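6 protein chains.
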Amino acid sequence: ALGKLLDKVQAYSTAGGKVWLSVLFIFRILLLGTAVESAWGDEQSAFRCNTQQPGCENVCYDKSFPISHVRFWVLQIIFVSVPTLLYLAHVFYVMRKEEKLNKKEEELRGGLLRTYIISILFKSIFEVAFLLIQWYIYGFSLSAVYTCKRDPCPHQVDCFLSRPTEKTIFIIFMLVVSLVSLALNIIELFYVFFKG
Amino acid sequence: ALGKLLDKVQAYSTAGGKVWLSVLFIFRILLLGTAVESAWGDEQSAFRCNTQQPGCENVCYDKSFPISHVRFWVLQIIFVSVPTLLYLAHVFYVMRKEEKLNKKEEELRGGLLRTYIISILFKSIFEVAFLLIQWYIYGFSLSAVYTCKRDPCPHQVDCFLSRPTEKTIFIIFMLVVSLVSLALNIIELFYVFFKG
Amino acid sequence: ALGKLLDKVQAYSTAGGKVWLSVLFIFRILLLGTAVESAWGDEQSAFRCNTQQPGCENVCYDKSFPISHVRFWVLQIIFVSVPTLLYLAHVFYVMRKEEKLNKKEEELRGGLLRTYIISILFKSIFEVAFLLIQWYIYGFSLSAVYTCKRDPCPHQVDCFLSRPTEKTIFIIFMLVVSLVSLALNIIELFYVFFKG
Amino acid sequence: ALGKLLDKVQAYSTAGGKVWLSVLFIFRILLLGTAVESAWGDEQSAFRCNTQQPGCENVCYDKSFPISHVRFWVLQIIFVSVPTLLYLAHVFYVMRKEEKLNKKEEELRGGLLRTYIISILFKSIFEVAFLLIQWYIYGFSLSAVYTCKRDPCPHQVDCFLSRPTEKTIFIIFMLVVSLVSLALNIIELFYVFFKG
Amino acid sequence: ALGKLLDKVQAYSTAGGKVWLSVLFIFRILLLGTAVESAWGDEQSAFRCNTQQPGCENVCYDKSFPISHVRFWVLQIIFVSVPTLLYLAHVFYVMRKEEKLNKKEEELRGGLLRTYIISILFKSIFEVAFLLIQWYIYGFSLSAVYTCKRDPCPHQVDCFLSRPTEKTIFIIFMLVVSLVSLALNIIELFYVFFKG
Amino acid sequence: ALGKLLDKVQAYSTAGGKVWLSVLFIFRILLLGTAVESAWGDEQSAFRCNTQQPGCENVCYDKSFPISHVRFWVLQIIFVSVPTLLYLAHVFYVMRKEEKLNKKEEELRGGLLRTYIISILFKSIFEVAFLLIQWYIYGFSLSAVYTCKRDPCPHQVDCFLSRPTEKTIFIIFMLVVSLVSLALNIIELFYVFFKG
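Residue numbers (the authors' numbering), protein chains in the order written: chain E, 6 to 113, 148 to 235; chain D, 6 to 113, 148 to 235; chain C, 6 to 113, 148 to 235; chain B, 6 to 113, 148 to 235; chain A, 6 to 113, 148 to 235; chain F, 6 to 113, 148 to 235.
Hints in this document: simulated from the structure, not taken from any laboratory. Just so it is clear, CB atoms sit at the ideal spot from N, CA and C, and this is done for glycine as well. Among the clues, some could well be false.
[Claimed, not checked] Computed, partial: chain A to chain B, Cβ under 7 angstroms:
| hint | residue |
| --- | --- |
| 1 | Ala6 |
| 2 | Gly8 |
| 3 | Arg53 |
| 4 | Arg153 |
| 5 | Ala183 |
| 6 | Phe199 |
| 7 | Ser201 |
| 8 | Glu205 |
Construct the complete structure from the given sequences, taking the supplied hints into account.
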């Protein structure tokens, strides 16, 4: 039954869309659950600042990481999977209506490409927007020493992160994967557009 | 078999009801299990007050959070999924009775729209009630410093929360999702009512 | 296959029995695993008494909670699901015997209502018994300060519980659900009895 | 498919064997995973003795509990499920051989009751043996204060257990369940033996 | 479908091979996941030596246990399941080739016993090799007091293990199971060899 | 259904490819989830250096392990499974196109070996590249004493690892498995190439 269901969902799509779904499944969803989630396991437990003031660790950790990268990548992978599901539901409803019309009439370039172009444009726009936001907030490296200058701590305090090399490696890896997806969408659009 | 079962459950519904079920599944149930649950992981472990009195942390944490937002959203998502299931069970029983009457007679605007309107009204009422309760209790922001004035602590004590920016972001996100659902229900009601 | 199996288990029952099974599944089993289990997560870790005697915390925590509410509700939900399963197995065996007699004879008010009445009476009796036991042991509120008077501690010691508001809310919620089930069983009995 | 498989495994057995399988599933396997496992969660973490000698806690905890009750009940539930599976595999092989002989000959009181009696006798023997062992080692109660007299601790030390009331309740509960099973096996044997 | 798949995998094998597969599944894989894994849960957390030198605990724990028994039993259960899978894949390929030859010719003592003998010999050899290795490294008991004589600790230090009785019981239990399997393989070989 | 699906995925492949898939599944994916993951459980919790400077442990642990071996093996097992999936998807699309041409024409040495050779060459290249990287970074042993010379610690500090024998054993084991796979790929290539 599983095989048949798979056929039903992915049997009517482009080959570049198929390899995009492959790089979505085997390289993003598989990587996020297996290995990169445990690297952000002991985030707040190993974060250690250098003072004796009670509660300076919480405000300095909050000012260091406004949002952890795992939940940011989860929101990124949710907001780029919605238009594909919308296009699939629309083409499923249209295929069902045309099949019903075929069954009722056997007993007696259009909206699809428009929705396809719209879905591809929204996917590329959300990808480049999330890349610009991540470049604006964090950069693409983590230093082992962070300087904190927030109340109620005294003037300046030093805090030390937890394993800042492995997270740098995984940040660069997800950046490479997102750039590959952004290039592949434009490749697919120019492959489908110049056949007119 | 899975595909067939899905057809059986969702093949007789409105398209706005279909996109409401989509925003129920992919945006509420998927978001609650994956990312936002781990943000409320170390709630009571990282909560730290500034005193030496034994047991002031427990009473100040209790007075700060009367109920955590995760269980509140779980009760919200339970109390708005009951009338949809009731409508589906009622239309399933009516469809089974009409199919049995059709099978026994082949060998020889009404209650449905009423229940549909009732289910939509109860869904919108429970949504706006839970929004008013959450606006009354917490507001829509978390400050990093909380002042506690409860026995057996001395006069006033300061307590520091854990990562109050990320929880503010997720609170605003769930507020936007609930407002979108509340608008979509009224859109569906006015779409189905003016066809008379 | 799943759908068919469901049909097989629940296709021959009363409609009040169907909504009782609905309030059993979606309101008791679903609520116990999702949200209310994590509220009793850090029970013994956050329980803190006010002394320096080694081991007073264990005996005072034992005298405070003779049995936690989660395991008590699990025993309550087990002891009220046995007679329904017994009635279903009995009617399945009787239906199989009558179907075998029909197949062997096509090639050529009674015990059921008695067992139904017995199952409903045992369900209501166990419900009111567990409610009386929970009213006798704990009451329906948790105070934030408990006084302990047990050896080997000195004369009287104070202990502070962990988040006593949220547990009060969930205790009141499960009480309301159990009272609704107890009323619904009597409603079903009077609905099925006055048709004679 | 599930339903059919269930039919295949349990369609040829005695009714007392059916209710024995019911009390095996819903009362032993279901109870061990859900509630009683979490009661033995923080066993060695909350065990606290009264001294300053390093390492006295480990030897006194070892002399207190030679084997925890959870693993003892797991071994008990394994050693009483083997003869039922052996009888089922034997009757499956005999049914397959007789069905093959029937298919090869349509184209042209004995060993079963012996194995049934042997399986019932071995089940009752292992039940009463495990009950005698548990009565010999622990008794049927846990005191909150234990006296330890083992090297390298000094002369006598006091140790305090963790929640000794709840474990007493569950020990008495499993004792009642095992006595009910032991009585039911003898009831089934005398029900099947006096029909000769 | 499950039932059919099971038939497909185990329908062509010896009865002693069937009871060997039974003692492989219900007594090794079932026992390792359920109960004996939690006994080695807090291994390094409860291991406590008697000194104040920083880092003596790590080197003394390393010299005490070169490899924990759980991973050793996992490697033992992997290295004795490979030849059975190899024999099954070989007989599956040979059965497929003979079935293809039968289908292409209906439209118009040998290698198997050799591989069977080879698989049984390799299984018995790896079993007795792992038993000799475990007898050489650990013995078959754990003492509660271990003497450590390794740098950078001072001259001799005492360390105390965690619950050394329960692990002794489980070591003796797995030894009995492995000896039963080693005897059963030779019984199966002499049962299949003297029929010539 | 499962069996059929398995047939569909693996019924058209080489026998050396089949035993390569066997050594991929039963020896890499099975070993990584069961036993070797728990050995790297308490990595940063048991790592202990010998100083009193706050935060020297984080920078010395970061300089010791730039990336843990578990995530490195996960990236290794991902980057060698992509060309097999690409070859399978390509031969599936070609088989579907040829089957469609056969169905449309019944109603009225090439690209495959090229892709096979390309997939085998890329697999062997990525294997030897990951082996060279692991030989360059870590070596194939872990010492129990590591010397750290990084700011903001003083001149030289000693740090002690956690269980450095078991990790050495598992590193040697995965090295042996990878060398066996690298030899088997060349064996398969020379077996398929000299048949011309």
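These are the hints, each one checked on the structure:
1. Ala6: Result: holds, 5 angstroms to nearest chain B Cβ.
2. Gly8: 5 angstroms, holds
3. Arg53: 5 angstroms, holds
4. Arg153: 27 angstroms, violated
5. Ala183: 6 angstroms, holds
6. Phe199: 4 angstroms, holds
7. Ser201: Because about 6 angstroms separates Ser201 (chain A) from the closest Cβ in chain B, which is inside the 7 angstroms limit, the hint holds.
8. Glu205: 5 angstroms, holds
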